[PDB]
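Presented below, as structure tokens, is a lone chain in the form deposited in one PDB entry.
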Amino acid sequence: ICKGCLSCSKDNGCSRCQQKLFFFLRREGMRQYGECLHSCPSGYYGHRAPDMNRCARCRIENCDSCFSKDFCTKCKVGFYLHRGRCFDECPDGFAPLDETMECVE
């Protein structure tokens, strides 16, 4: 059950994703295969590309989700979000919210 693909195989996993789904190259050691994804994993975002709908890297260091390459929307676990970027410790003149992992005045 390779899931979400129009085309598929044991050797390349999924390929040429179904409908509006997002194509995502997973890699383990030498092996690499396709995945026709719904909501891309940490570090990536659904991007509408020339070839096809494919999943791309969230530029921002330490980041879990983007709406674009260069603006983080959900920072990763441990870290605090501020103005696109992601921080371990909120910058001078700013104070933490452990609840929202957000950052303030």
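Only residues modelled in both forms are compared. Whichever C-alpha set is largest while still superposing within 1.5 Å between the two forms counts as the rigid core. Numbering follows the first chain given and starts at 1. First, how it differs from the form deposited in another entry.
Superposing the two forms on their core leaves just one of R57, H47, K74, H38 with a Cα displacement of at least 2 Å between these two forms, namely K74. Superposed on the core, the two forms differ at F87: its CA moves 2 Å or more between these two forms. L97 shows a C-alpha shift of 2 Å or greater between these two forms [criterion: core-superposed Cα displacement of 2 Å]. Once the rigid core is aligned, the segments that move between these two forms, defined as three or more consecutive common residues whose C-alpha shifts all reach 2 Å, run 48-51, 61-65, 74-83, 85-103.
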Contents of the next structure:
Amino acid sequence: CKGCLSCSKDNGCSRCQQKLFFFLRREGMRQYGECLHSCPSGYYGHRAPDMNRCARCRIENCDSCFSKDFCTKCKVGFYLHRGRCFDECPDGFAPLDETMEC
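Having seen the form deposited in one PDB entry, could you give me the form deposited in another entry?
All you get below is the one chain by itself.
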């Protein structure tokens, strides 16, 4: 219940401090709310006046995000190009093996 304005027993945090991101950690049988400075791997932080939350990366073959349609680091074996992840790095630009990109 760190970074939390409004805590509880079994649910963890329910409302975060102004500038932090809400994230639902899921152990299985029960789930707890958390207030984070940045979102964990697989998620991106979305700010709004009322609250900020970690939302899931919406992108094929992506491991990390800037936003829901912009990838920042692709799944293994896929090449990063303009925020997207492709098997073959499409014509017009070659792939950088050493770099894992285009």
